[PDB]
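We begin with a single chain expressed as C-alpha cells, specifically the form deposited in one PDB entry.
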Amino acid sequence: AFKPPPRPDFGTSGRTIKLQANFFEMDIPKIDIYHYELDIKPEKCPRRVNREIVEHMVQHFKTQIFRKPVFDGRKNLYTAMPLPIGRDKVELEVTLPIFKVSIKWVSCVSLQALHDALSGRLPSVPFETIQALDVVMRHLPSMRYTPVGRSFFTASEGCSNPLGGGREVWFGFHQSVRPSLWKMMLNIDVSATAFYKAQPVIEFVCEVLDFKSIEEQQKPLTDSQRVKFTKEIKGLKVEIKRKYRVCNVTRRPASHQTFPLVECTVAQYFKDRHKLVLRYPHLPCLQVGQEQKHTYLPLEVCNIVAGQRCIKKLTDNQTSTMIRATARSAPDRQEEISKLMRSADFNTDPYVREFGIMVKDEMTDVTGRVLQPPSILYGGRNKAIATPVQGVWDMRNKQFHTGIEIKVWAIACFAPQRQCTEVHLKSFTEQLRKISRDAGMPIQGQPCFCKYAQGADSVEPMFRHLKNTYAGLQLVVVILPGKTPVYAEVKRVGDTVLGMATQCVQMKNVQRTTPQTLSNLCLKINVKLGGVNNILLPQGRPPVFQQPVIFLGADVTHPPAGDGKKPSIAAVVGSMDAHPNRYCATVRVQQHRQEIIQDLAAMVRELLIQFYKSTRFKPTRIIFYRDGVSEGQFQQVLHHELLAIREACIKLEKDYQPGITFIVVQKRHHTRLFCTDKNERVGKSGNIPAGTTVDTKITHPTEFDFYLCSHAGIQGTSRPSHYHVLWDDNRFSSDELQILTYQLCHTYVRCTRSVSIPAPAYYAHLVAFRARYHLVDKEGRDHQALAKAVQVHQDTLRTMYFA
C-alpha cells in the first residue's frame, strides 16, 4: 500500500502527432554536491532577509572559507566543492547594514545516483537531488525577481499595465525542476499577476479614492473615504531607508493628530525634528509597526514599497483589464515561452555555472497520440449514434437513452413581474416543451403551479406547500432575476430540507431563449429526474467492463485565501450502472485546508452499498479518480485513502477485496503542449486536438503517469490533464487505462462535449460546489452544525441533484 507501480508499458493506440512541450532539457554533471545545514539567529527573519544574510556572510567570510554556494532561503546550503570545515559546526558573526550563522555539514548528494534514477538502474528518483537542483536553479532569480511560490515576477521594463486602485500587472514565469524518462527537465511557463504600484502614498490615495489630483479633496476626507482608504493600505509596506508595515490610518489629520513625547502633534514633530512643513496636513496619518505603539507617519513622506503582490480580490474592472492583458492563444503562448527562455540566460547564471549545469534553450519535442473518441449511443425510436468530432457533438435529431416523461411540475418566479412577465414565462414554457419533446423528454402539459414570489423567506413555505399540494411532483423550475441569495436558499430547501428537484434559470434566459441553451437545460433536467441522457457505445468500451466495476471520483475543495475557520469540503461520487452513466454522491465537511479525505471509508461504503442496490453486483474492481493532489502529498494521501477504500471493503464483507486503481488527476500543473505543425492546430485558439495523449519523454522515468488532453481548446492555451497512477491491483496496460479515462471524459451529462477531466472527478467538483452553496454564511458542536448543513434529504441521496 506504499509505493507507486512501475509503468507497465507504453500506449500504442491512436495516430501520432508532433508536439512541443515547455520542458527544457538539462545537462547535469556526475559530481557530488555537498550539503550543509544553516541556522540563523534571530530565527524569525523573512526568507528574503535570510538570503541576504547568507549572501553577506559569503561576502564577508570569503577569506579562507568558500566559491559560489546556493541557498534555499532557510536552512539549506549547497556547494559544488567541499568547504574547509569538515563536519565542524562553526559560528559566524555577520553584521549587515547582528546575525549569528552556524554552519554544519549535513551530507552529500550524488548527481550520478540521479543519472541512475533517470535510467532504469535505480528504482526511485532521490528527492534530495531534485531539491538540490531546484535550489541551484532558484538561487539567482530569488534575489533578482520577486518570488511567488515556484514562480518569479517582475515589473516588465518599458511597459506599464495599470489596473486602477494603485495596482498593475507584473509579468513573470513559473520554473520547476522535474525528472523525466529522457533527462532532467526545466518546466518553464509564463504567467502574470497583480502587484501594488511603487508610487507615493499620496497617489495611492488618489487612485483609491478616485482623485485625478490630490487637490480635488481639500477637506480632511469623509469617514467613508478614510475607511475606504484604510481598508486598502492596511497591511501593506511603506518606506521613507526604513521599512514599515501599515497597521492603521489615524482618524485625526496630521495637523491635529497627537502623540506623547507630554503630547505633541505629528505635523509639528516633523517641523521641529525634520525641518519639514506638511503640504497636505488636512490628510490623516499611517500608523505603522506595532499597533500598541504610537508611531504615526504623514502620507507625503511615504511610498508604497515595490514588489508587493496584491493578495486582495481584484474588482470586476481590474479583472477584465487583467484578462485582456494576459490573453494568449496557444501559438502566442508558445512564442512567449520561447522568447522568455532565449532571453533568460540560464547558462550564464554564475550559480548555474558553478554547478556545471547546462539548459537547452529550445522546447522539447514530444510525440503524442490522438486517441479515437468513443461513439455516443442515444435512445428514443431512431436510436441515433453520435460521433464526437474534435471533442464536440450535438443532440440535433437525437433522443435521450432514457427520457423522463414529465407530468407534474411547477414554476416559481422570484424575478419581478414587470421584468419577467407572464408572456415571457408562457413563451419560455412553449419553447422548452418543444425542445424537450425533440430530446425525448416530453413535458406533457402546462405547470400545475405558476406564481411569483420575492425574497428567500418565501422559498421554504412555497416549497412546503408545493410538496403538500401536488402529488407526483417531479420538478420545480425557479426563475431568478440574476445573482441572488435566493439560489442558495432554493438549494438548501430543495436538496436538504424537503428533498425536491429544482432547476433554476436566469431571467435573461427566460426572456430570450435559444435552442442550444434550452437543450443543455434539458440535459440537466433529464439527469435530475433520474433519466439517462446517453451511454458509451457498449461494444466500444474497454474490456474492464466485462466484470462489475465501480468508478469513484473524489475532490477536496478548500476555503479561499486569507481565511481560516471555513472547513474544507470533501466529495466522493460513485457510478451506479454499467454504462457508466448514473452517479450517486457523498459529501463531508472536514478540517480547515486538509487535503486528505478524512471520512473516505464511510463514504465509499455508502457508495458500494448503493452500487449493489442499483446493479445487484458487487464491484470486482474499484477505479478511483482523485482530483487535486500534488506530488508532495502523494504518499500521505495514498496511504490514508487506499487503506480507507480497503477498510470500506473489509467491513462490508469478509474477504471482499476488489482490485483498486488509484489515479491522481491534476489539472493545475504548468505543462503545456503545442502543435509542431501549424496545420494541426485547432480553432481560433490553435490548440492540440481533443484526444492528445503523451506518455513518453516528459513523463515520469519509472512510474505510471500520462498527459491526456481530452477536451477541445476553445480559448487560450489548453491544460492537458495529468494522470498519475499511485496504485493498481488490476494491472492495467497504458492503452486500456488511457482509453478508459478518455471515454469517461465523454460521459459527462451537462454537455455534449468531451470534458477536461473524467466525469466522476467533475461530478465530485459539482458536489463540493453545491456543498459550498449549502454552507453559505454558515462558517465539536460547530462541526455537527456544518455537517448538518451539507447533509442532503433522504429523497436526494439517490439523485444527481448536483447536475
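So that the term is clear: the rigid core is the largest set of C-alpha atoms that superpose within 1.5 Å between two forms. Residue numbers count along the first chain shown, from 1. Compared with the form deposited in another entry:
Rigid-core fit between the two forms: of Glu291, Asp457, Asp365, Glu422, the one residue whose Cα shifts 2 angstroms or more is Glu291.
Once the rigid core is overlaid between the two forms, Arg167 counts among the residues whose Cα shifts by 2 Å or more.
Relative to the superposed core, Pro350 undergoes a Cα shift smaller than 2 Å between the two forms. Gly235 is among the residues whose C-alpha shifts by 2 Å or more between the two forms once the rigid core is aligned.
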Contents of the next structure:
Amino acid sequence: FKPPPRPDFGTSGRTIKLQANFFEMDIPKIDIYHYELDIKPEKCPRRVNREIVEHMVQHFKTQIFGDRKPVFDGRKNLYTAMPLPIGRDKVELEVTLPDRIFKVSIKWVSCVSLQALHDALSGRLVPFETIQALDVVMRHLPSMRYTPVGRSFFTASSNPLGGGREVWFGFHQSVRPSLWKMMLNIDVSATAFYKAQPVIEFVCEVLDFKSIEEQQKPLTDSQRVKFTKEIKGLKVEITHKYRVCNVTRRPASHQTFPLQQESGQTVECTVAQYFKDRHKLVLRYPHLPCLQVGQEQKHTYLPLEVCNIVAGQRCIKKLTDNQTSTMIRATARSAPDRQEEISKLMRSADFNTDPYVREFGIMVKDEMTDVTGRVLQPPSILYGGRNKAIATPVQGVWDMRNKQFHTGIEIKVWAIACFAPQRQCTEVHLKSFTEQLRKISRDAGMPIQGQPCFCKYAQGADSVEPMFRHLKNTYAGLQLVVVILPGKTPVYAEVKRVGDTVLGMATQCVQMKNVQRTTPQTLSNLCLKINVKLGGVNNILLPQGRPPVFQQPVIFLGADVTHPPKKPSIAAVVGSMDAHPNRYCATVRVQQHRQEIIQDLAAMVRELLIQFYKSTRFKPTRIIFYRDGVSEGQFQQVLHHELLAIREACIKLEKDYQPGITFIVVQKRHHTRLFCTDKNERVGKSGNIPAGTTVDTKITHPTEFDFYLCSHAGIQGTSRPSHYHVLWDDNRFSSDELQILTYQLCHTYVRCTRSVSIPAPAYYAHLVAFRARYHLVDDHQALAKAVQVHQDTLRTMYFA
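May I ask for the structure of the form deposited in another entry now, the form deposited in one PDB entry having been displayed?
Below: the lone chain, stripped of partners and molecules.
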C-alpha cells in the first residue's frame, strides 16, 4: 500500500564530492490562495487559456486583481500570493480576445499552506498539491515565453535532421522535494520537431525530391503510403488550422466531394474544380493527392499546395537511425560542457528577477547542490577455463585476455546460412571468418571444433523456414545456425520467428558488412552471445564477494513494458534460474494498447517460479522485482496491482508459500545530473562520474527509500545515473546491501564485459519485448500464439 520509510543511509564505498543540477529554493511560509477557472468553450488549448487569463488580469485590473500577479496552469487552476477581493462567491466575467468572446468564471476553492509542505520536509510523512502549486508558479512565465512540452520548454533557433524534421533546443524544469529543502531541477534538453514548411516541400524532403517539378506524374502507391504515414496526425494550415486525418488515393483533379447547389440538389464535385470556382485558384499540381482533414464525415479535402505544416509540432513518430545519430551528435557533449550550459541556462533564466517568482517570495540559489556521493567497490568476475581467471572491473570495464568462459559450450556441429549475395560475400570470406572466429573462440573458452558441416547461400525470407526445416532434419544435434545478411531486411525477423517460435534452434546472425573485415573484439563480443545462446555461462560474480541475500534461495525478476511506435503493447518479465545469477528465463505477453500495467503478471511470475523450482530444485525465499519505466505519478496503481499479482502468484502455488517481495522501480528517463567537483575524479573524455557513484542523500526523497546509482562508465555525452525507488520491501534491506546488490547485478550482463546502466534482469526484459516485436510482424489468440516460444528455446537466453 505505502512505500516503506528509508531504513538507513548507505555508508559503504569511497566518498566523492559531487554537484547535482538541483537548485535550492527559499520558500516563504505564507499561504497561497487557490481559485478555480471555468472557461467556455472548455476544450481550448492551454496556450489560448493562458492568453485569456493574461488579458483577463490586465482587463479587470481595477475591480478584481489589482497589482497582484497571479500564476496560471493553463487549465482550470489560478493561484495568487495574496487573496483576491472576491470572497467565497463565484464571479463571472467576459474577456474579448483580439474577435472572440470568452465567459470566464472564477471562484475561490482552497488554501495552499506552504508551512505544511515545509514541515513535511521535516518528519511529517508530502502534500502533492503544494508542490504542484509551486510548479505552476515557477513555470508560469516560461509557459508563455516558450513552447511547453510536458515538463520542458523549447524554441526555434537551421538544425536539419532530414525527413521534414528539425532539432529544437530547450530545457527541463521541475519542482522537486528533497530532505529539508525544496529543489529546482534544471537540465538542458533537445528534441525533434517538424519544420514550418509548405506541404509540397515536406513531400520533397520525405520522398527525397530535389524539387516538386520532378515526379510530374501521380505518386506511386509506394510513395503515397509513405507520405501518408509521415503526415498523418499532423496539423496543417491554409495559406488563404486543420488536423490531417488521411491522404487521398485519387489526385486533386479527380478526387470528388458532395457539393450542395443553391437548388438543394447535391452533385459530386472535384477538388480542383471547387478551388477554381470558389477561390479563383487553379491548382499547379492537380496530379498530387489531397489531405483529408477534420472529421471523415465532413469530407474535407485540401490540395497540398495550399497547406503549410503548423510550427511547434513535436515529432513523436520514431526517428530513423541517421536522424537519431544526427540528434546524438547535436545533443551529446561532455559533462563539464553540459554543466556549463546549465549554468548559462540559470544565468539566462534569472529566476530571482522573475516578477511571478518575486510575487510569491520564492528565491532560487544560483549554485548547484553540493552532494556527497559514494563510489561502490565493483564485484570481481569469475571466469572458467583451465585458469578460472578473475577479472577486476576497472572503470566499469574489463576484458577477456587470458580468460576463458565459465562453462564454455563445446561446439562440434553447426551450420552457416548466408543471405548475402555471393558476389558480395564469397567462399573465402566464409573461410577467413570461420578461421578467425575459431581462433578467437578457442581463446574465449568456447571451442568451435571442426569446420562448419553446412554452409550455403540463399535469398528471400521465404526460404528461411524450409532451409531450417532441412537442417534440423539432416544434422543430428545441430547446435547453431550462423545467418549472414546484408543491411536492413525482414529476413531477420523470419529467422528469429522460425528459430525461436517454430523449430527452436539457436540462431546467431552477423551483418554481411562485418563478415569481410573481422576485428578480434567484434568476434569475441559475438561469441559472448553465442555461448549464452547455447546455454553456457560466460562468467559469474565472485561467490565470496556477494551480499548476504544469497544466503538463502532468491529469484531476481526483471519486468518491462515496451509500447508500439491498434498495435498491442508488449509486457516482458524475466527471472533468474540459478544462484550465480547468470542464466535467465523469459516470459512475454501482448496486451492493451499503451497499457503500462502488466495485466497478466501473476501467470508470468508463477511460470518463472515453476521454472526456478525445476532448474534449482529450490523454492525462492525472496523475490527481488526490478520494474522498468514507470512514471512517478503511476506508482500507486502499478504497485497496487503488480504487488498483489506477485503475491497471488505465490499463493496460487501453495497456501503456505509467502516469500519476501522487494518491489523496486528503476528509472533511466529523468533529468538528474551529477558532476565531479574535483577534476581529478573525472573519467574519460566525457569527464563523467566514475562507475559506482551512489547518491542517497540530499536530493533524494525526504522519507522514502530511493537512491541514484551510476553503474555504467560514461563513454559519450553526460551520464544519466539510474534512479531506484523501493516501493516495497518485506526483506528489510539496508541501503548498503541493496545498493551494492543492484550495482553487482549490473555486472551480470553477458552481451558485454562492462557494467551496464540498469541491472541485467530489466535489460533482459527489454530485450525480450524487443524480440517479441520481431516475432509479431509476419486475433488475440493468434498474437499470443505468435509471441509464444518453442519449449526448447525457452530454457536458453535466446533474447541475448
